[PDB]
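Okay, so here's just one chain, in C-alpha cells, the form deposited without the partner chain.
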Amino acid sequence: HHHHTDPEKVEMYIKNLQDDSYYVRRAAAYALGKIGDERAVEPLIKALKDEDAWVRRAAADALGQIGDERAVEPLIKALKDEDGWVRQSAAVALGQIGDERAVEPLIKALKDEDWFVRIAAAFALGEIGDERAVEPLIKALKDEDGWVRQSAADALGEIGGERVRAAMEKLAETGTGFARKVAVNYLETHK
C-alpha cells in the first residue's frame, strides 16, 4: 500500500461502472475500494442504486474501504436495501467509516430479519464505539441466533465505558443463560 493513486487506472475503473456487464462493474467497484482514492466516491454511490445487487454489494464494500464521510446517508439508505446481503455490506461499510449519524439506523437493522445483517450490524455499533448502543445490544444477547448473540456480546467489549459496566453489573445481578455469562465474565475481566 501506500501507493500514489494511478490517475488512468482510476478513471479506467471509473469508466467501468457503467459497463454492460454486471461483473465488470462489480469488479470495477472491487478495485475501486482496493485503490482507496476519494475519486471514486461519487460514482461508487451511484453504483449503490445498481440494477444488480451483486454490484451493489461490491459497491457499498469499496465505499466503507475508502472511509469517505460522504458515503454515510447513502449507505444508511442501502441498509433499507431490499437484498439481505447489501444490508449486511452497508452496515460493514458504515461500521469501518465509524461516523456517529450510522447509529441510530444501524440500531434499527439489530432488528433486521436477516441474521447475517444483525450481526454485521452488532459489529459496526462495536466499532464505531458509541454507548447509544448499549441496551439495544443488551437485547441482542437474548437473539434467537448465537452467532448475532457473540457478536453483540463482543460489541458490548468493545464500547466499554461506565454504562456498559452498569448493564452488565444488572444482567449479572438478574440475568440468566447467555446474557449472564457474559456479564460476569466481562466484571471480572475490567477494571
Given for the second form:
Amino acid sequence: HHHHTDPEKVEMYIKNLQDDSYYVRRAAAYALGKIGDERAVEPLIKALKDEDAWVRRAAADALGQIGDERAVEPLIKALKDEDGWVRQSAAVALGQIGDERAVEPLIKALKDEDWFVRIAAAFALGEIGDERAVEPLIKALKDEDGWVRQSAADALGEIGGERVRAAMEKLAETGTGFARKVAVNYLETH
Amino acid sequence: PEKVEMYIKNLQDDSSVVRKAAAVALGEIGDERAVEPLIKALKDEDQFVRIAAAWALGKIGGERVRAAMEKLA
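Just the form deposited without the partner chain so far, so send over the form solved in complex with the partner chain.
Full assembly next; the chain just shown is listed first.
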C-alpha cells in the first residue's frame, strides 16, 4: 500500500515533537521530513533547540529534506551547536536550501574540529555555488583528512567561474601534493 | 537498550537521513553486531551515510581496542 499526504498523520507527529520521550521526538522529526509537508516547519525549527542532541540532529535533517528557507537563520545557529552531528546536519540542510546567507557561516564551518562537518560545509558551498567560497576551499585542499580534501576539490569544480580558473591556473604551478593535482586535473577537465 | 536491531534495519530506510542517523546511532552504541551491516553501508549511494558508517566503525573499533587494552591493564 502507498499513501497520500495525510494531514492527520502530520498533526500527530507535530504534537509528538513535544512528547516527554526523546525517541518519540526523534521519530516524529524523521517522519515529518519524509512527509515533506511545510506545516511541520515552525515546529521543526523549535525542535532545533531541543535538550537532546538526537532530536536537534533529526530536526536539522528534516528541515533540509523539506527545504523551506524559513529554516535558514535557525540552521545558521545550529551550525554553532556543541554537538558535531547537529553541525554536520545543519550544514547539509543549508546546502539543500541553497540560500546565500549561509555562505559565510559555512566558510567558518570548513574550519570545524570534526572532519565530517568540514566535508558537509564544503559540499554545501559547492551546492550554493558562491565565489566567496573559492579561497577558503583552496585552503581546505591542505586538510589533514583526505575526504575533506576531495570534498573541497569537488566543491571548486561546482563553483567554476573566473576566480576558480585563475586560482587553479596558479596552483598547478605553485601548489604541492593533492592541491597541485586538483589544479592540474581542473585545467585538463576545463 | 536492544534498539541496535532497529537501527540495523534503518540502514535500509528509503530516507538517506534515517540511514545516516542509524549509522551514527550504531557508532554511539559501540556494539560489534553493527560491524557487518556498517561495512555494507560504506557502499551506500549517499555520501553522508558512507561518512556516518566510516565514523561509526572508527568509534566501535576504538571501543573494542580500548576494552581489550583495559582487560590487559
